[PDB]
Amino acid sequence: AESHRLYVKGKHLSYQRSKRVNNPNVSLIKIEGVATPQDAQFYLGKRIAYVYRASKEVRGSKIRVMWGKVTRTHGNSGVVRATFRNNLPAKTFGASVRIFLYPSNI
Amino acid sequence: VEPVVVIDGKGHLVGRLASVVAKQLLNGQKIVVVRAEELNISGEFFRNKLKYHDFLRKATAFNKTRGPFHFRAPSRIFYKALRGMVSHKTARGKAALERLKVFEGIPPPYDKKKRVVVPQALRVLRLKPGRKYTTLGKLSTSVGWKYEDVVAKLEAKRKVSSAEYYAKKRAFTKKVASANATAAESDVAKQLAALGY
Amino acid sequence: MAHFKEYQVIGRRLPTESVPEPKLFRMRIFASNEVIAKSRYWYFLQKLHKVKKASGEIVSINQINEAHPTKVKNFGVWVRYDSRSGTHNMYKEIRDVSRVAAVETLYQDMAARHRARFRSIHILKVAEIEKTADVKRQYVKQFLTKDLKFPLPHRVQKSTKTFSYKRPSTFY
Amino acid sequence: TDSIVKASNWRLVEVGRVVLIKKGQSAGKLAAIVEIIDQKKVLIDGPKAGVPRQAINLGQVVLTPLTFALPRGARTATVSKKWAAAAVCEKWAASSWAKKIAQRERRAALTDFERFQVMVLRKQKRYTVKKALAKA
Amino acid sequence: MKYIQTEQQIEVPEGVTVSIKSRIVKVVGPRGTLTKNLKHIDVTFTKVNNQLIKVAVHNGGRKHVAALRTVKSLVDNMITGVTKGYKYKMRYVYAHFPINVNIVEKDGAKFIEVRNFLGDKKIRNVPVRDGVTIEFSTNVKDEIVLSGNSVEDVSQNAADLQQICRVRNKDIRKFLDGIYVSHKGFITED
RNA sequence: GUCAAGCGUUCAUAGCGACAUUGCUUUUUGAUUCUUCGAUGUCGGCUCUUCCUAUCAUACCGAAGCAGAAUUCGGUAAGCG
RNA sequence: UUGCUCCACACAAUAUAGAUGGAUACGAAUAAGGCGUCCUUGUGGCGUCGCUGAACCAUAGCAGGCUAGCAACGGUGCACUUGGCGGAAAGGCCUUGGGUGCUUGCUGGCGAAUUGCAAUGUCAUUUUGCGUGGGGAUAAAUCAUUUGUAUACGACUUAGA
Ligand SMILES: [Mg+2]
Ligand SMILES: [Mg+2]
Ligand SMILES: [Mg+2]
Ligand SMILES: [Mg+2]
Ligand SMILES: [Mg+2]
Ligand SMILES: [Mg+2]
Ligand SMILES: [Mg+2]
Ligand SMILES: [Mg+2]
Ligand SMILES: [Mg+2]
Ligand SMILES: [Mg+2]
Ligand SMILES: [Mg+2]
Ligand SMILES: [Mg+2]
Ligand SMILES: [Mg+2]
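Residue numbers (the entry's author numbering), protein chains in the order written: chain Af, 2 to 107; chain AO, 3 to 199; chain AS, 1 to 172; chain AM, 3 to 138; chain AH, 1 to 190.
No lab work stands behind these hints, which were simulated from the structure alone. Just so it is clear, CB atoms sit at the ideal spot from N, CA and C, and this is done for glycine as well. Hints should not be assumed to be uniformly reliable.
[Unchecked claim] List of simulated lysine-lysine pairs, DSS-like, C-alpha gap at most 30 Å:
1. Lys82(AO) - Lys161(AS)
2. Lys103(AO) - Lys20(Af)
3. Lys133(AM) - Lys149(AS)
4. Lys89(AH) - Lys2(AH)
5. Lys161(AS) - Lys50(AM)
6. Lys127(AM) - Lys158(AS)
7. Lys26(AH) - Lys140(AO)
8. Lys2(AH) - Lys125(AS)
9. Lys42(AM) - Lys5(AS)
10. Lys10(Af) - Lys125(AM)
11. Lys171(AO) - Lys133(AM)
12. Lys116(AO) - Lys127(AM)
13. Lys125(AM) - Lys149(AS)
14. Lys5(AS) - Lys125(AS)
15. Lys166(AS) - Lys42(AM)
16. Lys130(AO) - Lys5(AS)
17. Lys132(AM) - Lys141(AS)
18. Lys114(AO) - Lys130(AO)
[As the list claims (entries may be wrong)] Computed Cβ-Cβ distance ranges for the label pairs, DEER-style:
19. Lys25(AO) - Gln8(AS): 49 to 55 Å
20. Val59(AS) - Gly34(Af): 27 to 33 Å
21. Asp147(AS) - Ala154(AO): 48 to 54 Å
22. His154(AS) - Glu11(AH): 26 to 32 Å
23. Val65(AH) - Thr78(AM): 45 to 51 Å
24. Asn59(AM) - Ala165(AO): 39 to 45 Å
25. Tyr167(AO) - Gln162(AH): 53 to 59 Å
26. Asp171(AH) - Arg68(AO): 37 to 43 Å
27. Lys148(AO) - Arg21(Af): 40 to 46 Å
28. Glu58(Af) - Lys176(AO): 54 to 60 Å
29. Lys53(AO) - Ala55(Af): 46 to 52 Å
30. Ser163(AO) - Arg74(AM): 53 to 59 Å
31. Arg62(AH) - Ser98(AM): 36 to 42 Å
With the hints as extra help, turn the sequences into a complete structure.
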């Protein structure tokens with residue numbers, strides 16, 4: 002149709018942090034439409050892609066992807082913690098990531 | 003969810019709105035706030051006027067052009083409140099502030115777009131009835147802002163044309179809704195009602 | 001203190017060879033758990049008798065429920081407390097369906113109105129006012145008129161979405 | 003020369019007021035107010051819908067526009083007798099409010115194949131409607 | 001304490017029409033009309049039987065109950081002022097210099113000019129508010145009569161004439177000079 | 001600043017106020033040797049700017065044991081000398 | 001040493017504070033309103049709605065192919081056009097008419113595979129450049145000279161085919 006979305010839109014918000022020390026190995030993601038840790042248990046283990054563009058073409062593409070996955074939930078309001086194979090570059094604070102429905106259970 | 007979110011600032015409390023907008027900007031949402039002359043601050047007008055005069059009285063002594071810049075327009079009071087809620091000296095907080103536009107009244111393009119409200123910041127939802135509040139338009143014209151009567155002339159013009167729009171829009175939604183009720187009692191429309199639609 | 005519970009605690013003052021079978025003192029204790037209720041037992045008997053926990057014995061702690069927890073009762077609560085500059089007696093009236101849920105309100109009310117903590121307050125007596133017109137306080141005599149009904153103006157509905165599209169209303 | 007003072011209507015916290023629990027183990031069940039404890043807290047009883055007789059704040063509670071005759075302090079057996087004799091559950095289910103609760107339960111319960119059917123039927127109804135708009 | 005319900009009565013007499021949309025009160029009678037915007041209060045008006053309007057506060061503290069009898073008194077002032085009207089009488093008090101007050105027009109604004117107060121060459125000027133009708137008493141020496149519908153407008157205009165004639169830099173226990181209100185009454189009173 | 005025995009023709013408090021009592025200042029004068037001995041140029045003056053208000057004058061007021069004139073007590077006030 | 005600009009389509013480089021169905025327009029009140037409707041046109045009567053956008057619109061087709069009809073005269077896209085309105089930052093909103101596709105409103109026929117069990121699996125929008133073929137346009141400033149209403153030097157202010 003006009004839409005081909007097979008992922009759920011998210012936002013790369015922050016690293017895991019205290020007041021004055023951040024942890025780049027964990028990133029906090031706001032899944033759209035999730036407002037509860039009990040709602041957010043559906044998405045645990047789902048693969049996150051951060052899809053971004055470049056100028057050098059490497060393997061027949063100017064689009065590069067960073068792959069990761071939801072690991073657990075964060076807080077009371079549906080934020081989840083995610084880990085990526087290479088950590089998200091921190092200029093993407095506020096950028097949109099893609100939360101795919103696989104590995105699916107229901 | 004929208005690419006930009008357009009907030010009607012009328013009847014909102016200024017710091018409850020500015021904390022909502024500041025979190026939204028740093029989350030990557032673009033926000034334009036209109037009608038910043040009809041923002042509200044809790045407390046009596048005199049109460050809030052002394053607060054500006056205490057802010058007005060601080061400036062760099064050896065060069066008054068280096069000090070705090072006491073911006074007088076209601077959109078800039080709200081921009082000041084939203085600054086200090088954003089790490090505005092870092093590149094991330096500069097980029098967050100680029101995601102924000104603030105206006106007095108409802109200028110173009112936004113005069114023909116949908117305006118949202120923030121019920122976490124709404125005055126009639128958050129303040130106790132019987133309290134006293136100030137409107138940011140009346141505060142700003144007492145601290146040195148020059149365009150209250152111009153915006154009130156432009157908004158009154160804006161509401162005349164916008165009422166003609168909605169008067170046509172009511173007439174079309176008579177024609178539509180009376181057709182949908184007449185297209186009810188159809189075997190499709192009994193079958194859509196089974197599916198909850 | 002999620003909910004107070006009323007306990008009976010019975011204590012003894014340990015038997016001696018001169019005195020077997022001592023005299024079995026009982027209190028009614030409002031407390032969160034049984035640990036506090038036994039601690040509140042010894043704290044109160046040490047104000048009344050030559051006995052302490054090192055020379056005494058808890059012989060029964062039983063939780064007392066409310067007999068009719070779904071009946072609205074006017075209570076009269078007698079309370080003694082320490083202020084910042086003295087000790088005062090006090091009588092307050094709480095309308096509620098449980099004794100342990102009136103004692104919740106009283107500890108909430110004395111903290112809110114007199115800044116009195118849990119450690120300052122002694123509950124002298126909770127009794128249910130049996131008959132109307134023996135109700136003294138006017139703030140509870142409000143809710144005892146024939147065919148009472150009241151509106152709730154200015155309804156504020158909570159939202160789960162950060163944005164609304166309607167400029168909401170407070171009718172109710 | 004008629005004095006015209008605006009109505010200023012309000013659902014009253016009263017004995018016999020039918021309410022809707024919005025938070026808790028009920029969360030969507032009807033109940034009737036039995037006695038008024040104080041200004042924020044009432045005693046309710048929901049015996050037909052299996053709500054325990056309980057003292058509840060009005061913050062877990064929405065007032066509804068339904069009221070039936072009920073003596074003050076009436077017990078759980080008495081409430082259920084007056085509930086059925088006044089037929090609250092069919093008075094409530096006829097309302098637009100209960101229909102919208104029932105519709106959003108239905109919409110959430112639709113399967114993916116049923117969602118396809120809603121798409122197919124809506125384009126049929128839209129074809130009939132948009133034709134009818136141009137003709138009149 | 002937050003009283004459950006405090007409530008007041010307003011007697012609308014036989015000729016008066018009272019109309020209350022949101023909190024804006026319109027009182028119409030044999031003498032004109034009056035309007036008040038009571039939207040700063042949060043009371044609730046309700047009409048009982050066309051000769052009576054209740055006004056109520058639900059769950060009101062001490063100050064909120066306090067404003068309820070104010071709102072009763074203000075609407076009753078509006079009802080009195082459109083049925084019987086309001087009338088104030090002020091006398092001139094002077095020791096030596098007589099006080100010359102004549103009703104004057106300056107650019108269609110209808111002022112009150114006061115010459116020779118304590119021998120001042122300064123002409124004092126009080127504008128007449130709308131509705132207030134200034135009259136000068138015959139068979140009373142040196143009396144000005146202010147008449148109108150609003151007790152708010154009539155008394156403040158009578159306040160303004162007293163306030164402009166204050167005595168400066170003198171002992172006011174002896175220099176008892178000025179125009180003072182002598183009578184607060186109705187127009188169609190007997 | 002509280003209290004008020006008294007002063008103020010009678011009258012505690014217009015203006016005062018004992019015996020007590022509670023605070024404020026760091027510009028007076030006293031206590032640490034905290035910093036400075038591989039040196040922070042030591043008083044006064046002149047010049048020049050700014051700030052405070054615990055206000056002398058000026059603006060507007062309230063009180064008097066304020067008739068007037070002149071005073072005295074007090075308020076807002078550092079805009080301007 | 002055919003330079004400049006605009007329009008369209010052809011290719012390179014450039015990047016992206018971060019497209020991935022739709023930013024979907026009354027105003028006012030909140031101790032009150034919205035919508036429908038009726039009349040005497042009101043601060044009116046009656047009905048009805050809220051209790052969140054959990055909406056509404058859109059939405060099926062090799063990322064959406066090729067093709068056959070039925071029904072209706074509707075919907076939608078592109079390009080021309082007609083008229084009106086919009087100056088707060090208008091740069092958009094509403095219209096008239098023809099052409100041109102598409103139509104899943106309904107019923108058919110053919111295609112798809114091997115990307116091998118998943119790899120964003122590339123579909124957006126900026127800046128530029130080079131190329132094509134179509135239009136348009138045909139200057140200034142600065143130095144150097146000069147003035148002194150100016151000036152430490154620059155700067156200013158004047159004058160010169
Ligand atoms: Mg962060
Ligand atoms: Mg963290
Ligand atoms: Mg809008
Ligand atoms: Mg200026
Ligand atoms: Mg004076
Ligand atoms: Mg004098
Ligand atoms: Mg040294
Ligand atoms: Mg001062
Ligand atoms: Mg002075
Ligand atoms: Mg002074
Ligand atoms: Mg100053
Ligand atoms: Mg100065
Ligand atoms: Mg289609």
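So, going through the hints one by one against the coordinates:
Restraint check: the Cα-Cα separation between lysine 82(AO) and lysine 161(AS) comes to about 26 Å, which is no more than 30 Å; the hinted pair holds. Distance hint between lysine 103(AO) and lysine 20(Af) is fulfilled; the C-alpha atoms sit about 29 Å from each other, no more than 30 Å. Proposed proximity of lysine 133(AM) and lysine 149(AS) is contradicted: the alpha carbons are some 53 Å apart, above 30 Å. With a C-alpha separation of about 43 Å, the suggested pairing of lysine 89(AH) with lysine 2(AH) is violated against the 30 Å cut-off.
A threshold of 30 Å between alpha carbons decides the hint, and for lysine 161(AS) with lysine 50(AM) the separation of about 33 Å lies outside it, so the pair is violated. With a C-alpha separation of about 36 Å, the suggested pairing of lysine 127(AM) with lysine 158(AS) is violated against the 30 Å cut-off. Under the criterion of a C-alpha separation no larger than 30 Å, the hint pairing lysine 26(AH) with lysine 140(AO) is consistent with the structure, at around 28 Å. Annotation: proposed proximity of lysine 2(AH) to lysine 125(AS) holds, straight-line Cα distance about 26 Å (limit 30 Å).
Taken as a hint, the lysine 42(AM) and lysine 5(AS) pair is honoured in the structure, with Cα atoms around 23 Å apart against an allowance of 30 Å. The suggested pairing of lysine 10(Af) with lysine 125(AM) holds, with an alpha-carbon distance near 28 Å, which does not exceed 30 Å. Distance hint between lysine 171(AO) and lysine 133(AM) is fulfilled; the C-alpha atoms sit about 20 Å from each other, no more than 30 Å. Straight-line distance between C-alpha atoms of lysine 116(AO) and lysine 127(AM) comes to about 28 Å, which keeps the hinted pair within the 30 Å bound.
Between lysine 125(AM) and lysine 149(AS), the direct Cα distance comes to roughly 51 Å. Violation of the 30 Å bound is thereby established for this hinted pair. Restraint check for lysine 5(AS) and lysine 125(AS): satisfied, since their Cα atoms lie roughly 15 Å apart, inside the 30 Å limit. With a C-alpha separation of about 28 Å, the suggested pairing of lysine 166(AS) with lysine 42(AM) holds against the 30 Å cut-off. Distance restraint check for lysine 130(AO) and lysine 5(AS): the Cα-Cα separation of roughly 35 Å exceeds the 30 Å cut-off, and the hinted pair is therefore not satisfied.
As the CA atoms of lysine 132(AM) and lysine 141(AS) are separated by approximately 64 Å, the hinted pair breaks the 30 Å bound. With a CA separation close to 33 Å, the supplied pair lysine 114(AO) and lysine 130(AO) exceeds the 30 Å bound. Checked against the hint of 49 to 55 Å, the pair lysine 25(AO) and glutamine 8(AS) passes, with Cβ atoms roughly 53 Å apart. Checked against the hint of 27 to 33 Å, the pair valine 59(AS) and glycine 34(Af) fails, with Cβ atoms roughly 60 Å apart.
At about 50 Å, the CB distance of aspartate 147(AS) to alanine 154(AO) agrees with the hint of 48 to 54 Å. The hint said 26 to 32 Å for the Cβ distance between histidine 154(AS) and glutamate 11(AH), and at roughly 29 Å that hint holds. Roughly 38 Å separates the CB atoms of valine 65(AH) and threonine 78(AM), a value that falls outside the hinted 45 to 51 Å. For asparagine 59(AM) and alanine 165(AO), the hinted distance range of 39 to 45 Å is satisfied, since their beta carbons lie about 43 Å from each other.
As the Cβ distance of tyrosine 167(AO) to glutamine 162(AH) is approximately 54 Å, the hint placing it in 53 to 59 Å holds. Separation of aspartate 171(AH) from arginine 68(AO) is about 56 Å and departs from the stated range, judged on CB atoms against 37 to 43 Å. Taking 40 to 46 Å as the suggested C-beta distance range, the pair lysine 148(AO) and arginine 21(Af) conforms, at roughly 43 Å. Checked against the hint of 54 to 60 Å, the pair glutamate 58(Af) and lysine 176(AO) passes, with Cβ atoms roughly 57 Å apart.
Between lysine 53(AO) and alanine 55(Af) the CB atoms are about 50 Å apart, so this pair conforms to the stated range of 46 to 52 Å. A hinted range of 53 to 59 Å holds for the C-beta pair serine 163(AO) and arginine 74(AM), which are about 57 Å apart. The given range of 36 to 42 Å is respected by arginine 62(AH) and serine 98(AM), whose C-beta atoms sit roughly 41 Å from each other.
In summary, the structure is inconsistent with hints 3, 4, 5, 6, 13, 16, 17, 18, 20, 23, 26 from the numbered list given earlier, while agreeing with the others.
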